[PDB]
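Starting off, we have a lone chain in the form deposited in one PDB entry, written out as structure tokens.
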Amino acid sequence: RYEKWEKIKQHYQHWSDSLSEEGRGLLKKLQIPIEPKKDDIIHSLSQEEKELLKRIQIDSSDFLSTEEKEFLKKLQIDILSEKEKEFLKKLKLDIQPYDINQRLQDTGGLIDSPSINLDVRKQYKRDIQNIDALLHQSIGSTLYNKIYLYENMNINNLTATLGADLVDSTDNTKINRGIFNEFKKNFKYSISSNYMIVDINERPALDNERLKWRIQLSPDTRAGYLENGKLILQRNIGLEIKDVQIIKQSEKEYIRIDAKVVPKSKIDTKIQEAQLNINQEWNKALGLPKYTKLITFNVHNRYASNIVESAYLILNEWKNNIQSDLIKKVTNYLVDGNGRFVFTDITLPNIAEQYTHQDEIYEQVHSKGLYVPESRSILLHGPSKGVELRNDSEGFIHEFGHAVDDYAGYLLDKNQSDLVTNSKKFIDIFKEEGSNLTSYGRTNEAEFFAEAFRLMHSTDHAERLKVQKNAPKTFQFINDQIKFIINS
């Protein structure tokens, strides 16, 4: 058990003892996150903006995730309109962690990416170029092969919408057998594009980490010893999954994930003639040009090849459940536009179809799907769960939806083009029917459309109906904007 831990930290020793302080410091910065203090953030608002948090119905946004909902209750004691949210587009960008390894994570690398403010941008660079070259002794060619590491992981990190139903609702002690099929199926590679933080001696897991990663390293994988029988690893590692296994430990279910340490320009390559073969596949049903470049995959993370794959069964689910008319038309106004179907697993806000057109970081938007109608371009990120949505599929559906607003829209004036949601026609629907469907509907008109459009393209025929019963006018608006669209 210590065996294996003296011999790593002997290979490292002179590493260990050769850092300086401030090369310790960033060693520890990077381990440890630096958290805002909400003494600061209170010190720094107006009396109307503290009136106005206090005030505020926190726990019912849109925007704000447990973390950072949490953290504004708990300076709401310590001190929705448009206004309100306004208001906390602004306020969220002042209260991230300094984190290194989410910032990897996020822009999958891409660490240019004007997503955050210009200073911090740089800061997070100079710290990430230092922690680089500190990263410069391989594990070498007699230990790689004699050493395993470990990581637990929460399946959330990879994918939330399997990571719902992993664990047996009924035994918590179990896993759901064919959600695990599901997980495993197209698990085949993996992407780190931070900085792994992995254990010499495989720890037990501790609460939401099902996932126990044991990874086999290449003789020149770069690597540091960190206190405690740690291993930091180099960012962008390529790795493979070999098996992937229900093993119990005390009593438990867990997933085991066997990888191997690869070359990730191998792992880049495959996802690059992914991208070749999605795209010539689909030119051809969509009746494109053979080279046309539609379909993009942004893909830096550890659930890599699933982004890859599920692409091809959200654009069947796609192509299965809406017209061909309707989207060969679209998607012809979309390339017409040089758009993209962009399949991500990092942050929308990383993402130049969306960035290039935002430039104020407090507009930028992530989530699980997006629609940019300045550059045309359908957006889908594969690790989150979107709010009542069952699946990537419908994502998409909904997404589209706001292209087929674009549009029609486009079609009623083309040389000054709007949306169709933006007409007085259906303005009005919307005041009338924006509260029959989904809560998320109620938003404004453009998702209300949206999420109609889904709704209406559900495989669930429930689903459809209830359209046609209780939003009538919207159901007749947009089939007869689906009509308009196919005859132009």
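Numbering follows the first chain given and starts at 1. What changes on going to the form deposited in another entry:
- Both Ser417 and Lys174 are assigned to a single rigid part for the movement between these two forms, based on which superposition fits each C-alpha better.
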Contents of the next structure:
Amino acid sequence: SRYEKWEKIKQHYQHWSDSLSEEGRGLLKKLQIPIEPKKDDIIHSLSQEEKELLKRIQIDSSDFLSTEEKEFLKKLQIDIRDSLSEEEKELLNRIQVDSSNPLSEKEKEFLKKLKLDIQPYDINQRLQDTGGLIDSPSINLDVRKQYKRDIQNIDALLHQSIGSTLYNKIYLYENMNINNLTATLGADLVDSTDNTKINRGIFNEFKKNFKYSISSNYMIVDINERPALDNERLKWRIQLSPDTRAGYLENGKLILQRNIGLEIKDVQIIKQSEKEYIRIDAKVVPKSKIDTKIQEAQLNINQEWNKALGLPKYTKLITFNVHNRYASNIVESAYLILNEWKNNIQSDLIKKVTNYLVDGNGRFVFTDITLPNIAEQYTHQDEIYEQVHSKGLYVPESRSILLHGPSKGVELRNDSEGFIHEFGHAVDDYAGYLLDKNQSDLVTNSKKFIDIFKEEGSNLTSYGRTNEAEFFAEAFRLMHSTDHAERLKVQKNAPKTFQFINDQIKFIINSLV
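What I would like now is the form deposited in another entry, since the data block earlier showed the form deposited in one PDB entry; can you produce it?
No partners, no molecules, just the chain.
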């Protein structure tokens, strides 16, 4: 009985629930229902020029904002635009679809600082974005301190374990949007023509490396399984351990303590009401047990690649910064990503550049927390307005490549292409450094490449138009694609770029040691 199960769990927590202070309850509600920014107040604080700018800006052309930030800005844009006449509005929509032109400098610098003013107060999101590393300097300090306060108080509210009677007598459930874990597989996991069906091949991709999971925020789970909504194709079924701490929430839910591990027991395609879903069976285990598995994998992948790249065995090159629900896939796909990397790029280029990165204590960081909360970025990027979220990043100050697993890259088939793009930036860096080690600049800042960008910059991908550095990186990525057609387009549509990049590669490989 669904209702008896509910009643029995509610009874187990009944004293706890009765004992909550009003401030205790408020905190639990805030956790569940985040506090949104006030659009009207945001808009009122803009100058007339800024309002204009915001009316006509192409938000999805941004390459530094998170999904959440982008979604809020679009809503903000609707309000600002809803006094304009219909033609204006129709034109503004018609122009956005038929062209993805890059943002102007004016547009970009405006969005970068506006970023500071559009953050919701969202405790569970803050924990997921930071993987529990809540002191990370990616938001206002005073807001940071409130989060820490709230989170410490929630931890202290959640002191009562599910206990040895209930733990093996109940399942709990969580419906999940697949994009939350993999935006990349998400785009295809549903059958293209029959969306009552799951793509069997993508399903295998999703399942094959899904062995463990981490929850860094507070899971809100259903006592009784709820029929899936629109965006929900993942249906978790979870077994707690006797010492898992939790609290009861109204309408038959538990909130679980943060920092738990999950071992994946089974992943199956199931049918509910003539539609296909993915059942995930998981068991709660100590997070420490999963962190041990991650650290062992980090040790192994470094040993393997230090040997392959001829680095000292102790070299710390590859880092797993892993804290969220698709953990094991971040870890395992790193192996595949670096395989493709070595497959598609000349061995001497890879060795020369990687040694340069190692020489500056650089890293390959594979992570499922957002890039502003990665130290290899934020320790050199103090200004939140200069902090970037995206699929990947190269940070010259730390000689580090960062790769964010859960998100999906603009016009990138997979994570391997995203890594190779970022490696393009490292090549750009090393090439420029070999020109002048003292005042070390990027080779894409040389006047020659600037001249080449002005001619061929619009001849490859839409994202390549953004600027010299991105153009070089895109050109570099396409020149080393598994697809011969893509290598050929560069040679044919951007022959000076093609030649310039091959020359730099020779210059790099031929520099003496």
